[PDB]
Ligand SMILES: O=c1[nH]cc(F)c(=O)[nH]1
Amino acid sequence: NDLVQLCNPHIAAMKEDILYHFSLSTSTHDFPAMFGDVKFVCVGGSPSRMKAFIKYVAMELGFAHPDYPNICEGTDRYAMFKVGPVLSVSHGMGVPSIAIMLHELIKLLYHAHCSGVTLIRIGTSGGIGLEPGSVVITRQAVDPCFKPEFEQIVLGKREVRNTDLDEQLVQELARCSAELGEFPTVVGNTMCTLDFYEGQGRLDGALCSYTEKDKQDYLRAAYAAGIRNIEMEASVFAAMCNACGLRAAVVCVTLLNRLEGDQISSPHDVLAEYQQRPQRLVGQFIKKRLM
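Atomic structure of the above chain by itself (the form deposited without the ligand):
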């Protein structure tokens, strides 16, 4: 139940902190009033996924009523929705987009004096050695060399941050999923890549110097190292939350088993079912925490 803190002393010295991509500012908005009661922050790539998540949990939590306005301006690159102690924010695609969102979200939570906060990324992913539809709760977000580190250059120098997710939080999410009994859920590592076509070893980019055999040997090697899925935003998320001492999780459903090739052969109705599994799990986590 600790207050959210920053790793940037400059913020406290600023007369006004503008959150450029949310169209929010400390001089135009009252952060404690707007967000002080936030305890749960769920993030994911698309505005439509995150609006559906907020409607879903509104219903599940008994806040629903027979609406959910974007807190950001329609013109902003991120969307944001709130019901009760739950905040939902989209982060767009790729490491650079999520990082910007996270910088501004973390400052928001700080300005609002939030406490005892939990952050969880939900989304889809390519599985390795699991049946399609399996949910992975990420233990470590790992780089394409299987290391639990995320690197960035600050002023021309490399800085490396650990990408472990919160350990007690992964166990709790595992117990939550057991309680549901609706779909397979495993604890595994998640490989996060900067590039989709060559970075995930696909064979259908404009540039490919390797073969299906090469790709397999790499995927099998990843599996042997504890990796069960692949996506493109987990590493920064884990690294930044770790830096700021925030309790964070990643919960992604697999859409295919890449060991069987890159074809997504599940029928539309099945996929629509798979897509909502991260959201069901997170809603049960939130439900249980509130009870």
Given for the second form:
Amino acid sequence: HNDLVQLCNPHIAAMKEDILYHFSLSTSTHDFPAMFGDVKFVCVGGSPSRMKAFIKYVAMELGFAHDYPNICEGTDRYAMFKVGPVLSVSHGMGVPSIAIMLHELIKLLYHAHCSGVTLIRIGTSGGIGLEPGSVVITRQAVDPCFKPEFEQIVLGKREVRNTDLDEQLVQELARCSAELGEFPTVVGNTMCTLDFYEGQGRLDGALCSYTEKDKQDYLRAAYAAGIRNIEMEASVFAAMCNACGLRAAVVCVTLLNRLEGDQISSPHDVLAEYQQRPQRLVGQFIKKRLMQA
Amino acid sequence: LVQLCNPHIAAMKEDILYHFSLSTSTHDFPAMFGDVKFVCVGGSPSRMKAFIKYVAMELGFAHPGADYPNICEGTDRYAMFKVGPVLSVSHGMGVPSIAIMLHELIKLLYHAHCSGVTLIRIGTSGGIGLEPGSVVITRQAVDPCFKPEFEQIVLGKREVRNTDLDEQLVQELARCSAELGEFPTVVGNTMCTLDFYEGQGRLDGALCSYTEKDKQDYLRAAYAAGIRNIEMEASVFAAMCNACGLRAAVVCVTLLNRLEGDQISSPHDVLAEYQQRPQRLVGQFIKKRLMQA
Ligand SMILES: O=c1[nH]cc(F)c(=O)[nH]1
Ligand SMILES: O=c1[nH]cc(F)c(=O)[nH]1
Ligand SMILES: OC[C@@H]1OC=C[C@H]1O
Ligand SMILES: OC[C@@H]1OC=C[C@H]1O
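Got the form deposited without the ligand; any chance of the form solved in complex with the ligand too?
The next block holds the full complex; its first chain is the one shown before.
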């Protein structure tokens, strides 16, 4: 049995119209149930071209094969694609950007009367002590002091939410990655930051008041605390799915090993392949949930 | 002359600007950018293409085979365009997405060995106690507690930078807007938040456990403290410019009055025009800077 998508905002029931501004969609101009009522898997990732490539890739693998219109053709803020029960949505970079996406998304699913939905971010990250190209299935999104919490300011007051992910979904994702046997995949905690450069110990930014050994000491401590990769979205993603009772996972590839460098200098061919990795893993997970009861 | 507070950069054999998809070794920065004097940055890549071409035909470069190539065709992270001494760059939404852009932009300026440069953000925001369509030229970026501070965590420890903007620049842009005499323009403070929904006291996100009354109190306290608009980029932008000693301004139109509502429900025709307002202010400022010497 699949439960209905819920909000934690009593105000939406009471509006004549709900405008999903950054999607360019609205209750008064679109029929959400007709459009989305059969969505069961939502995949989200930074790049709109990667999310279109993902919807193409997913379409072949479930034999929906044969074009894919951008459902947000009225904005350039986010891109959205659909085939069968899979919805792909781009979210840009950083907590604030995904957070805007998530609120309108969840409202979208809620208006569509969707049920039994799974949300999975597929992204990129900096690995810590992993060969580049390793995919990490995140157990706990964790903050830059290693605590699994997400701080928000709400009317000027600090509010904190827990950022763990569904354990069983991680185990199930690992099991899929094992079935493919194409690339290494570990389960690990994931540190989420607000800055790619000073925020992640890089020596490579426009500002930096610290040294290689300072960076090393910080990355090794992260490693000991269980963290295996570093990125910029996992936290709010986990906090908001938890807040609304949605089953969610984060699956990210590792573009380089941060113990060895800051700069992403792999050839473009190799970076592209690395990217196809979480799409393959998640494509396997969708294929199995569908070949099932 | 532009400069970085990062001594590691001078030592690097190459500098790869990964999210621009630009590199010192595949791209000639001085040839591409040395003549740049004004850098305009905004969230949306269509807005910024629109801006570079409005500016082109307002400084007379409005030739017939008018195409302005996206110099970042290479990634889909940001768009970038150039005409003459003017560079127009998109930055996505949220403090982290613009911080990535700034780190790489600043570096780029510096590798191009640019001089006398001005950075302006042209953006959108919610106004407090202003008619919709009002342009705010920001005096101090301020956080959700109304303090002029930008907080960053670096190697696990927390640091703050002041977020004042250049006082002589904000007055100069006030004079420009007055020369156009087309839309209201006020100088005030801008609150910068990490979330568009709960972060700006909205009541229409997927999550909300406060009331309309709490929103009004919070927003009126912001207004009492000098804040005139609310948005998501001003503070890192100020902090980063201040750090690097760059002369920088923020100019945003307000898309609605938050004392009246949360949803952006103006007609497409009206919002498009609101969004050209900061583009016309900044085009004056350029036009007349270029008429000096
Ligand atoms: O947030 C990040 N994303 C991708 C990376 F490769 C990295 O180092 N950090
Ligand atoms: O950050 C914001 N940008 C644009 C808006 F209209 C708003 O309310 N907030
Ligand atoms: O490379 C930029 C970032 O990659 C990881 C999360 C994205 O925002
Ligand atoms: O509407 C979204 C936000 O607009 C204002 C700042 C952008 O990041």
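Think of the rigid core as the biggest set of C-alphas that the two forms share within 1.5 Å after superposition. Numbering follows the first chain given and starts at 1.
Engineer: Let me spell it out: fit the two forms on their rigid core, measure each listed C-alpha, and pick the one of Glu198, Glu149, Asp76, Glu172 that moves 2 Å or more between the two forms. Which is it?
Structural biologist: Comparing both forms, the shifted residue turns out to be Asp76.
Engineer: Using a superposition on the rigid core, decide whether the Cα position of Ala225 changes by 2 angstroms or more between the two forms.
Structural biologist: No; that C-alpha moves by less than 2 Å between the two forms.
Engineer: On a core-based superposition, does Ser266 travel 2 Å or more at its Cα between the two forms?
Structural biologist: After core superposition, the displacement of the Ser266 C-alpha between the two forms reaches the 2 Å mark, so yes.
Engineer: If the core is used for the superposition, what shift in Å does the C-alpha of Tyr210 show between the two forms?
Structural biologist: Here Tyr210 registers a C-alpha shift of 1.0 Å.
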